[PDB]
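A single protein chain has been omitted from the complex, and every remaining protein chain is retained in its original position.
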Amino acid sequence: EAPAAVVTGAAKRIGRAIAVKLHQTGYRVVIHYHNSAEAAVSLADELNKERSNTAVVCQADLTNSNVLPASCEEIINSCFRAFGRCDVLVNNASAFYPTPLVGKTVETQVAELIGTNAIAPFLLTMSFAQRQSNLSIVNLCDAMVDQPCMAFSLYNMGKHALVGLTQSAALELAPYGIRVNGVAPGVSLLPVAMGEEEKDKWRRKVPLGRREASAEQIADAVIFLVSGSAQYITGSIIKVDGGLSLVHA
Amino acid sequence: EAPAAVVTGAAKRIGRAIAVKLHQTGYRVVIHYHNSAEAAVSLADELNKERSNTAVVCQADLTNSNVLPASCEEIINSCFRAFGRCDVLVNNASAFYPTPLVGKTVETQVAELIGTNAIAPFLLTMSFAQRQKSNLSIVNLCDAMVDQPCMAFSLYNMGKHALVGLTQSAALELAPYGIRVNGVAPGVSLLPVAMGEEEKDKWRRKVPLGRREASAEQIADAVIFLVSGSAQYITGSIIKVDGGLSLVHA
Amino acid sequence: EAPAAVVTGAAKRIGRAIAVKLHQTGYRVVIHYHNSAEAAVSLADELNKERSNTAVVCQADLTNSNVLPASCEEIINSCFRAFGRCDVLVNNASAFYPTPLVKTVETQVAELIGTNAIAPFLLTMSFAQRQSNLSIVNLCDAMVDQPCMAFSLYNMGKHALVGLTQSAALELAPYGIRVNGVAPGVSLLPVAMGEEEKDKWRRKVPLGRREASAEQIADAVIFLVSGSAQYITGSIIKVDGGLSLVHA
Partner (left out) sequence: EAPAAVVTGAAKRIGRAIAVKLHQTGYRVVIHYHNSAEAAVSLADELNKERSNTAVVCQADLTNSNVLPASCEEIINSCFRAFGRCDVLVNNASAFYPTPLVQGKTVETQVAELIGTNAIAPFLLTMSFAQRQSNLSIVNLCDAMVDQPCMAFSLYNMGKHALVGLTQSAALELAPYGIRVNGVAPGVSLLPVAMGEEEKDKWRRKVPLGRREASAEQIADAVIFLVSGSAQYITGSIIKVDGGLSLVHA
């Protein structure tokens, strides 16, 4: 049988490109989504049209709460229900917005930003490992976490925690043959709600080509990490940032 | 008048040594505690014998919940109510125990390890900065071994990495207000008193510099430096106080 | 027609695996050697038999000296001469031995800083000067921050190479030249070291209690040079099976 992968937040943008690319490599895919039901189901349709019965969707809020462990278990369970196995987990879903230190409550900001970026990854990792060829997890990190955006403390804390998870799970799961690695974009597909001038400000900072990464360029590093060419790599985070993190103020 | 500092988890061990050294330096202190009321009050009584009206206690759970923000606001408020100002915040309180990937529920483990080590620090930092109305700083107790973690301590390790991110993010964001934000990262310091000496020795033997753990006071010394006038240009820095432990390969 | 790569210290071990894998991916290659002529020629023969006139050999000492500049120019030149282009430079060659704080010291600097850092820097200069998917790959070390006792100079050289990786990535990005690193933990162990000492290292590795093969190291090199890494520069990929995550 073909191996199977879960990609969180896979209806759009980078998560979609990862799902597409995994599928093109031979994987059956679980397309996790939160709000993007139309685009989720649309992507599965496209993949299934190419090879029947190779894509399912699975809906879940990855906000932190007392029921997040059950939702994460359910995402993994979905892969086993549809495909009888789960070889690859891609932790891609992410909330991203400012939380200044000085209309959501602070408790909601914490639950969303830390839940999606860190807690849900951890719980999905636990469920993935409990339910267990070439098994591996890839976490979508952030190349700029040590030169953060102003007023993004909770997002930055989340992505730092995700680095911690990447290392800790790599150490602990290596005895089970499960590798755990990260891919750290710099600027890739820029937000929908961002203006053109602000987009171009960011592009101009990238040494390699003065432009953002394509979604596909990020996916390429994910593909490498899950491949048979990365069988001795665990606990590594690959920056895919065109040099951006090298540039001083 | 005299500056004031809040120290979380200050009843015992490292937090205690930090509160004492701040007080000896001339600070009035809030001693935050969770369970150790008797130790907290004993310390407050000792410090107040040294100088009257210079130390208060403040009880709070720092586990993540819907009431954590209000708790953190109250902790900061307690310093203002007692001393009329809050110059220094030391994020010291920390939960620490294994959370294997493969008798608390997992959601409890999350709330306690991420709440104490990361979220409560964030919410304390927010309340600290919001309430500012000379030499303001925050010091976060980090962990020098976070890139070489103990097996099965993922949630602990996640919380302490998050604390690094908070240190950096808040240093950048609070710099325009003149508030510095730094960390101190112990390697092996005070081990649990009930841990067998033969187990304590396994750790001590790994430390290059003197084959011994840091005392609480040695950790406090770095905190004192960071809050001092000798560190007025330092922000976003994390000082390892680890006797070279983090340099030793497997 | 086909792209061309220089690999330093390519006659044996990791550099040979890198050369072969590059060849099999369809590069023409320059096999650089210092002492290992026989091995270099043997490799070139094996490759040429596969695809005619696609591998050449190049001698140079990479010890630092007043002639290192010219040596490095020569290595790059020989690629332009054999193949009319030079698409990839792999800085693999390297010296390794203890230099206790408590060979003259200056020979040790020239070997340990020269081969590990200064020659990569001079080769990088000649590579860029003489300029598609152009990239440079430097062989770093995953254990730089938890170093072996009494290996100061070696560790200095490998830290310098990290610095070169970053600095050259920034400076050459304008020319579309990518600059990246691959950092082995324990791979092929030194021929010299005890078999008992070897197993002591194997046992520390989380992923499989074993060293990386040379080919696993090359696999990462191949990724970085490929079209699949066209946005990657200034990145160092550890290939260490988790070794650097293990505490004392």
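What to note about this one:
Going in written order, the chains are labelled A, B and C, and every chain counts its residues from 1.
Throughout what follows, a contact is a pair of C-beta atoms (placed from the backbone, for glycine too) under 8 Å apart; a residue touches a chain by one contact, two chains touch by 3 or more.
The omitted chain makes contact with just one of the residues C:18, C:56, C:82 or C:113: C:113. In the complete complex, the residue from C:102, C:191 or C:192 that touches the missing chain is C:102. Residue-level contact of chain A with the missing chain is found at 144, 146-149, 205, 244-249.
Mapped onto chain C, the interface with the missing chain covers residues 64, 66, 68-69, 100-102, 104-106, 109, 113, 117-118, 121-122, 124-125, 128-129, 144-145, 147, 149-153, 155-164, 166-168, 170-172, 175.
For chain B, the list of residues touching the undisplayed chain reads 168, 171-172, 175-176, 178, 180, 208-210, 214-215, 218, 221-222, 224-225, 230-237, 239-244, 246-248.
As a working rule, only the chains that are shown with their structure count from here on.
Interface comparison, A-C versus B-C: the higher number of contacting C-beta pairs is recorded for A-C.
Centroids built from CA atoms put chain C at 32 Å from chain A. Averaging Cα coordinates per chain places chain B and chain C 44 Å apart. Shown for chain C are the residues in touch with two or more other chains, namely 244-246.
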